[PDB]
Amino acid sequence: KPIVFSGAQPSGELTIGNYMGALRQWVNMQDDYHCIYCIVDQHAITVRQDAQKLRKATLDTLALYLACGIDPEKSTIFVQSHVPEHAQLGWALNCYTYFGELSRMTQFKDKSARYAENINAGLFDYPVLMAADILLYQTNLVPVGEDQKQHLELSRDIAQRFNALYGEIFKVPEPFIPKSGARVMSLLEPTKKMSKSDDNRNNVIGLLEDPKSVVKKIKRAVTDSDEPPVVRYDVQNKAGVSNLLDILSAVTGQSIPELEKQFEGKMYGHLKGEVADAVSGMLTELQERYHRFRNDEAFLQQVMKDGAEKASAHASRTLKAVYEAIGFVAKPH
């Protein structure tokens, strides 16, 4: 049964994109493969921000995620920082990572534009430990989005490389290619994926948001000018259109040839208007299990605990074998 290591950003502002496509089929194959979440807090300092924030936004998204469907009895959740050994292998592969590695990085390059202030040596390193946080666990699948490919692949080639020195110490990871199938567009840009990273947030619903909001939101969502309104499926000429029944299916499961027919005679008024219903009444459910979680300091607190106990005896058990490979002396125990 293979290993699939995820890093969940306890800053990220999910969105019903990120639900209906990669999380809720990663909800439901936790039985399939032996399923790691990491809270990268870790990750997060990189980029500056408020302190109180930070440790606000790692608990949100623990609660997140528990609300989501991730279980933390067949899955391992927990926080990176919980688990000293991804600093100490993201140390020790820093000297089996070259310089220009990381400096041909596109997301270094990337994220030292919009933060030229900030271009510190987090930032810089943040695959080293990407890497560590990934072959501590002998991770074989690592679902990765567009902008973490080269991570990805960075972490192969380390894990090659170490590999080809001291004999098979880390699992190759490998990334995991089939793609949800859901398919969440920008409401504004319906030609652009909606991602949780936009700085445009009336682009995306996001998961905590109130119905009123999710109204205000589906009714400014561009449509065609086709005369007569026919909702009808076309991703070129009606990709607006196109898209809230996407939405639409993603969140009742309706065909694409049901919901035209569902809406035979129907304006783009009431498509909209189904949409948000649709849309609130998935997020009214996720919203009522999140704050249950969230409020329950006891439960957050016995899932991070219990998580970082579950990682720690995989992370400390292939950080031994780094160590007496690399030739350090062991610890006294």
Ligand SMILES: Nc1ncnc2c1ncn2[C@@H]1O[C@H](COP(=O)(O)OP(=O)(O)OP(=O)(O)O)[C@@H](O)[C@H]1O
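Positions refer to the first chain, counted from 1. Take the two forms, superpose them, and find the largest set of C-alpha atoms that agree within 1.5 Å; that set is the rigid core. What changes on going to the form deposited with the named molecule bound:
For the residues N118, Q148, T252, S213, superposed on the rigid core between these two forms, a C-alpha shift of 2 angstroms or more shows up only at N118. In the core-superposed comparison between these two forms, the C-alpha atom of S103 has shifted by less than 2 angstroms. After superposition on the rigid core, the Cα atom of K171 is displaced by less than 2 Å between these two forms. Fitting the two forms on the rigid core leaves the C-alpha of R183 displaced by at least 2 angstroms between these two forms.
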Given for the second form:
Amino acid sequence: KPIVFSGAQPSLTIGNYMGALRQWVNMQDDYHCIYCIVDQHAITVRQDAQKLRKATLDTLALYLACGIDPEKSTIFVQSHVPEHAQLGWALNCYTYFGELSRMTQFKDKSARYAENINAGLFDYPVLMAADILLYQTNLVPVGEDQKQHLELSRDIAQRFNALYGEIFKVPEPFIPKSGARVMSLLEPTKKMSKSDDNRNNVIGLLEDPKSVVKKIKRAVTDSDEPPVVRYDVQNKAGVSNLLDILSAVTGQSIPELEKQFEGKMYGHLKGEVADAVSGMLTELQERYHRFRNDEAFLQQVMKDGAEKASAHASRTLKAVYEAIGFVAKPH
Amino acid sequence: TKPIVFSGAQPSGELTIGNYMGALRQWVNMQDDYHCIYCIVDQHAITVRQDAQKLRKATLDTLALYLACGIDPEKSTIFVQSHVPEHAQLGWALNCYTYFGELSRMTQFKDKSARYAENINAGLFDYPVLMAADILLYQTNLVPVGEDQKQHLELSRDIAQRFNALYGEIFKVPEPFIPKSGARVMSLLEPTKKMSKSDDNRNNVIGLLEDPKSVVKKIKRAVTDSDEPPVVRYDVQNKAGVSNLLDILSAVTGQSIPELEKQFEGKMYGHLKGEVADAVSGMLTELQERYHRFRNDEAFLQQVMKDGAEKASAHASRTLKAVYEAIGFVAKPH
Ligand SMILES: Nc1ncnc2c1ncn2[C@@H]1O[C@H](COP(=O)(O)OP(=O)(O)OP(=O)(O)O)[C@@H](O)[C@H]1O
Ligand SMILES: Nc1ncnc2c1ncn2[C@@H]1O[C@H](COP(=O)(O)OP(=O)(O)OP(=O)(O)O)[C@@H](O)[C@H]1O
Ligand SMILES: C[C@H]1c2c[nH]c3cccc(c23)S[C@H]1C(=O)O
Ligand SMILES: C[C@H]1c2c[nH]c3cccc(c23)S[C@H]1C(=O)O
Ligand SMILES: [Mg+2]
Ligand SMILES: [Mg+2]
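Can you now output the form deposited with the named molecule bound? The one shown was the form deposited without the named molecule.
Then the entire complex follows, led off by the chain already shown.
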């Protein structure tokens, strides 16, 4: 059974859910899935302390609500496993400074970067590599934005294995994609992104029906006269995106939906999409609030998951320290 | 409670008289007056690539030499850095309160990048942050180091102050303690660069375990100047080699430079080298007599390490838990 590692930032969209996460929720029996809430990555951006703690718990209950089963998968908070920072430091010594500056798009020799960017923002690719390599990870699902970081982890693993023997597994990307690419609501040729400054482009899993219905009702459609609800990505991006969102929620095929909307207006299409999406989020949010309000259950999940995570992580760290040449701590 | 002293050295070679006068002698002398914690920083040592067997041996060479010098495990906490996870944990957190420009301007990083251009790694660049983590974990008041670490200590002062200005009275602000002589003992054949444990050219350095015949030979070959007549005077700019010998002799004996200049009026460099070699070797007789007994006593070495990591971890965890609360991390359940 392959080991799969995902990091979960404590700061999710329907594109994330109906794309990666929903499919992974159904593969917890096919892979040894590990979910790490990366609160040590989070502090690379300064934030109120009390919001960070809350958002760590929000992220945990959200992933449980999405269906991550802590009896089947390991889910845990990054800072609860000291080995993450321990390996991160050690791997810094096997990472070229030049590799990390390539990641900043070589903007680190300037004065603007020197005066404002903290060393965490510069060094976090090595900590991400430590996250992956601690668990003998075989598979890391990543979007396009993380391919360079994943490649660095593979390079570090191979460089270390070449010096010391096979201590790490060389991780691979997870190549197959699921769902459709959910497109942003006001620019239907750009993928919906959790990062978008225009929040009207995005549906978050924790928005209420009312706000979600407003955004879907305002989604950009085409000028075809008469209006035709028909799938055509090239010429009808907005209408096709709406159909793709509806099909991904309901499982109805696009030809079926095209038959449903024969002779109907774009407003009736938007209404149906808004209802379907709004229905999916209510189920999710109902489960979310049950988990989130049970502080003791959430505490028991984090304790169990960090104990599971620690057992594997310490084995790797002991082998790294032995290979490096450290004197073992007496026990 | 006493004020707290923390200092560390890398397991990267045999300690030199430079390490002794810059740092180690003060470590020993502070052990009654303060609460002293001393560390063999193996996580810092791997920023420069070493053979695994070499690094393992060097860690115990360093530990046994601390002890031989009079670091007393019944007065001080002695431990190996990697045995205490909190150092790496606080090291990562402090990365986020350290600006990139503060590290890129560091003189050590530039110097070591030149020496090891084939291994310019991120640990080498990040070195000062992990050092700040080492110091601030223990509520440290005083850090005895040589002059070369002054810039790194200033970053430690800034990091503590910057962190405390956000989150409260979490860290003590540490103060350097650099001595007035022997703070920067220079290399014997290249007197414009400091003496360094890790120097490939061993004729630049005097190891603390070198016998009197080795000491005289290295001091006799130390670079001087072309002055005719030779003059024993302190002048770094024009007389770097002779000045380095005067600094060393001042550090061994405690005589001031002007007292040494009067003492050597009309004399020659061969006489100065005679005095330096004898003073140096006299300074090493006691530690050399005990080092092998320390080094071959595996059980004693293990016990010192076990006890030191346990004490150091007790104190370090309390600081790190306070840090993780301030920053906003969910605490790890009991
Ligand atoms: N709109 C979307 N449609 C389909 N898949 C998506 C969408 N947004 C994210 N994903 C997928 O979800 C996973 C999470 O990746 P990631 O967090 O980088 O996505 P994102 O939300 O677009 O991120 P960002 O906003 O930072 O660019 C990836 O597999 C990615 O391809
Ligand atoms: N030439 C020197 N003169 C005085 N103090 C020194 C000298 N070199 C190092 N020190 C001091 O010795 C202590 C330990 O430093 P460290 O372990 O880095 O030794 P080193 O000889 O500089 O080795 P390396 O070349 O591997 O850095 C520090 O407090 C440092 O300031
Ligand atoms: C959360 C981040 C992260 C930290 N450690 C890991 C390990 C694997 C994948 C990722 C990460 S994905 C990345 C992201 O920015 O999405
Ligand atoms: C050994 C290094 C180190 C790591 N942690 C500490 C703490 C105090 C002083 C020093 C150090 S001195 C410094 C050096 O490179 O000289
Ligand atoms: Mg993406
Ligand atoms: Mg040094």
